[PDB]
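Protein chains: 2
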Amino acid sequence: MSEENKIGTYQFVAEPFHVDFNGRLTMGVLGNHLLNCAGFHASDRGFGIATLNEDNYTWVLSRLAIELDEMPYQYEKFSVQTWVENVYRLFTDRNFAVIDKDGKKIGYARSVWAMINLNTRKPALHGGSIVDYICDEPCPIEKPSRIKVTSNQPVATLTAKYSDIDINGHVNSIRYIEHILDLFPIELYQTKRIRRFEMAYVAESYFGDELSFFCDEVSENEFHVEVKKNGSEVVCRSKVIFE
Amino acid sequence: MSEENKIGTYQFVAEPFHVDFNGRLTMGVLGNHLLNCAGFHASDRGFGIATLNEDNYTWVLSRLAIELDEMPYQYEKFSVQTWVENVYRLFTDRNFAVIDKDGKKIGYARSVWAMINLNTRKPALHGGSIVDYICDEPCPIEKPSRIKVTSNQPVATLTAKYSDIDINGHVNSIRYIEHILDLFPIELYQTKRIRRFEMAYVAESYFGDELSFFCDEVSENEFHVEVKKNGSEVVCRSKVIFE
Ligand SMILES: [Ca+2]
Ligand SMILES: [Ca+2]
Ligand SMILES: [Cl-]
Ligand SMILES: [Cl-]
Ligand SMILES: [Cl-]
Ligand SMILES: [Cl-]
Ligand SMILES: [Cl-]
Ligand SMILES: [Cl-]
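Respectively, the protein sequence lines represent chains A and A'. A prime marks a further copy of an entry chain. The first sequence runs 1 to 124, 129 to 247 under the authors' numbering. The second sequence runs 1 to 124, 129 to 247 under the authors' numbering.
Because the hints were derived from the structure by calculation, they are not lab data. Fair warning: there could be bad hints in the mix.
[Claimed, not checked] Which chain A' residues face chain A? A few, computed with CB under 10 angstroms, are given here: (1) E15; (2) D20; (3) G23; (4) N36; (5) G39; (6) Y166; (7) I171; (8) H174; (9) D186; (10) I190.
Ideal Cβ placement from N, Cα and C applies to all residues, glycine included.
Sequences are here, hints too, so could you generate the full structure?
Written out as structure tokens, the structure is:
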């Protein structure tokens, strides 16, 4: 199997309820597409959640970094390519390219997934098919790493609601993205765009939990965000770079 | 052209970030699919927003009623059929059927759209193609009509945020659905399901507006909701029937 053959490619159109006030695809919706594509790619090749679950493992998303030159516009076609870059002992690195209507690469993403035993919730091989799909396609963006947040004064608070919760009873990955991006003043979105966005998923939140949001502005364009539940426990961290 | 030939049919899969804690497609996501399907159907046949806009008209959604026996489950295929039932002088009635993975009709929807002149914002014929697609397919649910809400004590308040706003700078149709459905206690969603849901879109809200929510519980299972902006102006009304 060729290197090109290990890549999954998926076609989309930017719908009106999935774009912002500038008509560009929202980060939350892009994240949704990336994670669904990861799932299509894994499931079609027999190394997705369903297969893992039969042997008492599952996949958990640990880190996501998205870097963009531009975002698709309302009603434009776009596509996502995804592939497995590495399968390490404790984590798998899955990468993405986003392709605009003209076939130009307009962004990239890197995701880091843990495999955990479902009985013990403990972390984490080759009887499977995943190793066969390790692919050398380039993804020329910096790997996501630990995010530091110094502030201990919350800037906003929000209770987890029915619309936030997925089938496992927790606040879903994408809903955290939406809430974080709602922290920023509209003048920022009017004058700049997000060029890099990172999520670190630390712990779970449930319906009724009070989420508090803390933010360090490290430069004019770089913000580090920490979300905590019920005061003290970090549930996720984020880095947002505007330009 | 046969009656069957005037129907558009669109295929979907219920994605994980589009279902609730019981694994069923959310109302907001279903609404999103219905409205997008309406758009696919109109645009493909030359009576959509794009065509209207060339002559200084547009379509505005006035009313939506959805009635369901069940909702698709996570990862199931489903489909939406849509067709034009009537083209009246001031409004067009567009209807929908929702079809489950087995081909069983599991719900219906009715939508009412106004055509308005874009210069004058005034309301509202045959040089177009729409009349050619009037279709007698059955949609055996009650038409939506005016919703009465008596309560003048708000039960909740929310500021319109970046994630709420569409390309025209207003709070989008689907975001109102999500916020309304977040008013109800989780015990209701644990023990009952929404069998009928109606929206009436009265006026627009913008970024930063304070939305207040008023609710009459007319019986154990029927709720009427009014959303107002900045205290006084009604922006939408809703009816939610659980069973
Ligand atoms: Ca989840
Ligand atoms: Ca709109
Ligand atoms: Cl989209
Ligand atoms: Cl699988
Ligand atoms: Cl981190
Ligand atoms: Cl869906
Ligand atoms: Cl059109
Ligand atoms: Cl009404």
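Evaluated hints:
| no. | hint | in the structure |
| --- | --- | --- |
| 1 | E15 | 6 angstroms, holds |
| 2 | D20 | 7 angstroms, holds |
| 3 | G23 | 4 angstroms, holds |
| 4 | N36 | 6 angstroms, holds |
| 5 | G39 | 8 angstroms, holds |
| 6 | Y166 | 5 angstroms, holds |
| 7 | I171 | 4 angstroms, holds |
| 8 | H174 | 9 angstroms, holds |
| 9 | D186 | 4 angstroms, holds |
| 10 | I190 | 6 angstroms, holds |
When held up to the earlier numbered hints, the structure conflicts with none and fits them all.
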